[PDB]
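Assemble chain B onto chain A, guided by the hints.
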Amino acid sequence: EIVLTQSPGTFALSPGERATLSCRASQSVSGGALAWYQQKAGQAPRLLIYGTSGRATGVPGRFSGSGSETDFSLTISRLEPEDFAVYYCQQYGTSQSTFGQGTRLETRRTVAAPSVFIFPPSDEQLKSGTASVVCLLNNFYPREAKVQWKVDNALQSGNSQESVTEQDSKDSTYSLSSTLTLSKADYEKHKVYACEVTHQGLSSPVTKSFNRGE
Amino acid sequence: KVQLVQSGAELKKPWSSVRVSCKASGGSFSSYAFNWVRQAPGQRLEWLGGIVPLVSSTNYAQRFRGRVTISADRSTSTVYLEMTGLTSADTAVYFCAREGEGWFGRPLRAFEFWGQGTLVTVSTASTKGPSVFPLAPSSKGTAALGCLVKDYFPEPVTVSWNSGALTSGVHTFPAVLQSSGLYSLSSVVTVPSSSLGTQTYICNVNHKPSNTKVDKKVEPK
Numbered sequence: 056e057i058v059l060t061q062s063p064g065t066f067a068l069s070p071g072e073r074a075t076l077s078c079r080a081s082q083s084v085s086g087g088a089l090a091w092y093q094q095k096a097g098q099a100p101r102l103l104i105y106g107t108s109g110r111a112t113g114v115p116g117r118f119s120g121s122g123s124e125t126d127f128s129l130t131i132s133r134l135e136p137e138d139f140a141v142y143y144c145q146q147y148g149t150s151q152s153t154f155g156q157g158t159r160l161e162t163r164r165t166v167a168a169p170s171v172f173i174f175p176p177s178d179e180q181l182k183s184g185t186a187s188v189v190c191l192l193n194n195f196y197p198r199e200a201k202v203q204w205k206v207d208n209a210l211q212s213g214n215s216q217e218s219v220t221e222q223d224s225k226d227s228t229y230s231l232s233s234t235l236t237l238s239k240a241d242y243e244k245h246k247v248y249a250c251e252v253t254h255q256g257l258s259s260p261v262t263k264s265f266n267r268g269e
Numbered sequence: 004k005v006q007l008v009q010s011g012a013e014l015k016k017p018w019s020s021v022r023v024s025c026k027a028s029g030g031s032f033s034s035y036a037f038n039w040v041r042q043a044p045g046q047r048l049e050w051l052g053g054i055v056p057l058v059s060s061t062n063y064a065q066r067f068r069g070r071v072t073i074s075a076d077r078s079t080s081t082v083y084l085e086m087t088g089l090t091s092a093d094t095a096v097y098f099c100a101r102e103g104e105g106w107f108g109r110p111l112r113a114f115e116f117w118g119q120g121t122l123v124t125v126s127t128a129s130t131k132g133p134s135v136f137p138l139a140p141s142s143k144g145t146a147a148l149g150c151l152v153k154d155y156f157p158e159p160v161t162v163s164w165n166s167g168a169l170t171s172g173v174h175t176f177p178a179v180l181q182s183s184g185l186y187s188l189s190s191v192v193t194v195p196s197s198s199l200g201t202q203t204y205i206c207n208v209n210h211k212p213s214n215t216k217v218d219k220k221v222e223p224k
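Line order of the protein sequences matches chains A and B. For the first sequence, counting from 1, position 105 maps to 160 in this note's numbering; every step adds exactly one. For the second sequence, counting from 1, position 24 maps to 27 in this note's numbering; every step adds exactly one.
Subject to a maximum C-alpha distance of 16 angstroms in a straight line, what follows is the list of computed EDC-like cross-link-like pairs (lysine to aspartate or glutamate):
1) B:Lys216 x B:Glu158
2) A:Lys246 x A:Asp207
3) B:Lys219 x A:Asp178
4) B:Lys219 x A:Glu179
5) B:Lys224 x A:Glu269
6) B:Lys224 x A:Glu179
Beta-carbon label-pair distances, calculated as ranges:
7) A:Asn214 x B:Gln65: 37 to 47 angstroms
8) A:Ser224 x B:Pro223: 25 to 35 angstroms
9) A:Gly268 x B:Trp18: 45 to 55 angstroms
10) A:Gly97 x B:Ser196: 24 to 34 angstroms
11) B:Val217 x A:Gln151: 42 to 52 angstroms
12) B:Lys216 x A:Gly97: 18 to 28 angstroms
13) B:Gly69 x A:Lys182: 44 to 54 angstroms
14) A:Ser108 x B:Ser198: 47 to 57 angstroms
15) B:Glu222 x A:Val247: 18 to 28 angstroms
16) A:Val247 x B:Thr170: 34 to 44 angstroms
17) B:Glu85 x A:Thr60: 29 to 39 angstroms
Far from chain A, some chain B residues (derived; all Cβ distances over 12 angstroms):
18) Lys15
19) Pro17
20) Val21
21) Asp76
22) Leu89
23) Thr90
24) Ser129
25) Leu169
26) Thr201
27) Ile205
28) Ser213
If you are wondering where the hints come from, they were derived from the structure by calculation, not from laboratory data. No residue lacks a Cβ here, since even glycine has one placed at the ideal position from N, Cα and C.
One chain only, chain B, in its complex shape:
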């Protein structure tokens, strides 16, 4: 099976550069075209370019000509993307996609095999850990509680409940970009009103960019 493993997520300042890798495993590497497709949050897919490693045949999109350089290391079966002149418009998830194998390995142009994606964030905002505030259940069926993860940068944060033991009825909302450069999301969960006195509800927030692990115990008002 053909596997594509990309580099880790990155946070770059504007007008700097980013370098994303893509290691290929399994099938043949040198004779197929590896491409880079980026997807901005909530927007459509955008093809940047590609390369065929055997002849180092590169091919870029006109929107990124002179800004994007795609190379390949045949000895390690790795494909690299390097972009300069970064701005906030370049904040997106960058995928590395290889074209498909047809009859007897006939290349298929269409991108059949994909990597996991690499989040590249371009912003002047500094890395900050989140503040976790309890969304305490009402004094009043079913009761809803949760945690507010506010003022962190960059993405992502991971929210579990009771260290993963509580999964049913949980809703971790997509984060929004505040008026400042910081993110904020909320993670709620609906539980029986009778269990509020005998069941402990703890929200586990992890923001690895700041090495921040926070367990916040939510209790009624």
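Looking at chain A on its own, in the form it has when it is part of the complex:
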């Protein structure tokens, strides 16, 4: 089996710049049988390059494919706003064909601090025997952020799940939602519930807290 490995993992560039994505194969790829696809969130892949260097029908001219043997490259000469997506390489061997893990091209912007909000579990939820405390980190950049839950000033571990949105197509920011799940008994047990956020755009960690039943 041929294993395709793409580099880098995530690229941060600005429109109008040149982007070079590399795809290396575990062994020699047959006579220039390399493909490059573009994929945006929620959609199917779009064929960009066929056969190492062939430009697909309708694909703009700024996309070019090059390489041979075990090293291939997709080059976008002048980045445009609609070019920021995930890019996959594919090897079309014989009786087998594989893909790379993909490279994500994100729009680069000024560092933005997250707007932190905290939501206690609603009474309608507490009437069902469970409690979900929510911490919202709205519109920040870059993607890396750290959320820590504290119940009566005690760091939690395992009882929290988070999710991050795609990069916003307008302001090029991200947003994170962290949910801490507790039993109704464990929620009525303590008093203080806080979420502490650490991000590049913050000189000091931002703690958003609330007291139970106020």
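For chain B alone, coordinates are given in the frame of chain A:
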């Protein structure tokens, strides 16, 4: 224009079977290779197999040999995928991709035309509608509110705000798979703090697998 329209999303129990279709429209059907590529949530593309309908020439990947059968109905210009021995590892979106047309229709190996994708979910969890809880705005600029869509199965749910009239500043987060077999997501929106008293904010949740339409009115604490 060549169009590929796939079958609807499916939810199968482990160790059962799934059958996904792919109807082709527009260009020629019998003389090109239709393939099936699946993409697990947050993972890479994976080629399962393909077929050329003219000679019924099938070609499968070694990872799915004996598990995957790909056929074609030339009279209806439809390509079928049938997979057996399903497990939770097979939960993914299944695409049907046809190879490209080159000079004078020269086949291009590379997948130029794609279908919309079919979500196949393999799990023992039963279909359950979501509970919609209000994320009420703080008593304190800009105020953030939202709805928590918890304990539903399977994907997907659709969340709109004020029946679609409110779109700016909305963030519907990707759902996460809980410790149980159920999903949960949150949909928030930032609005002016002054409008909290004169503007009604309603979150519209639709979970069609359970025929569940829920409109939840979010109000301050």
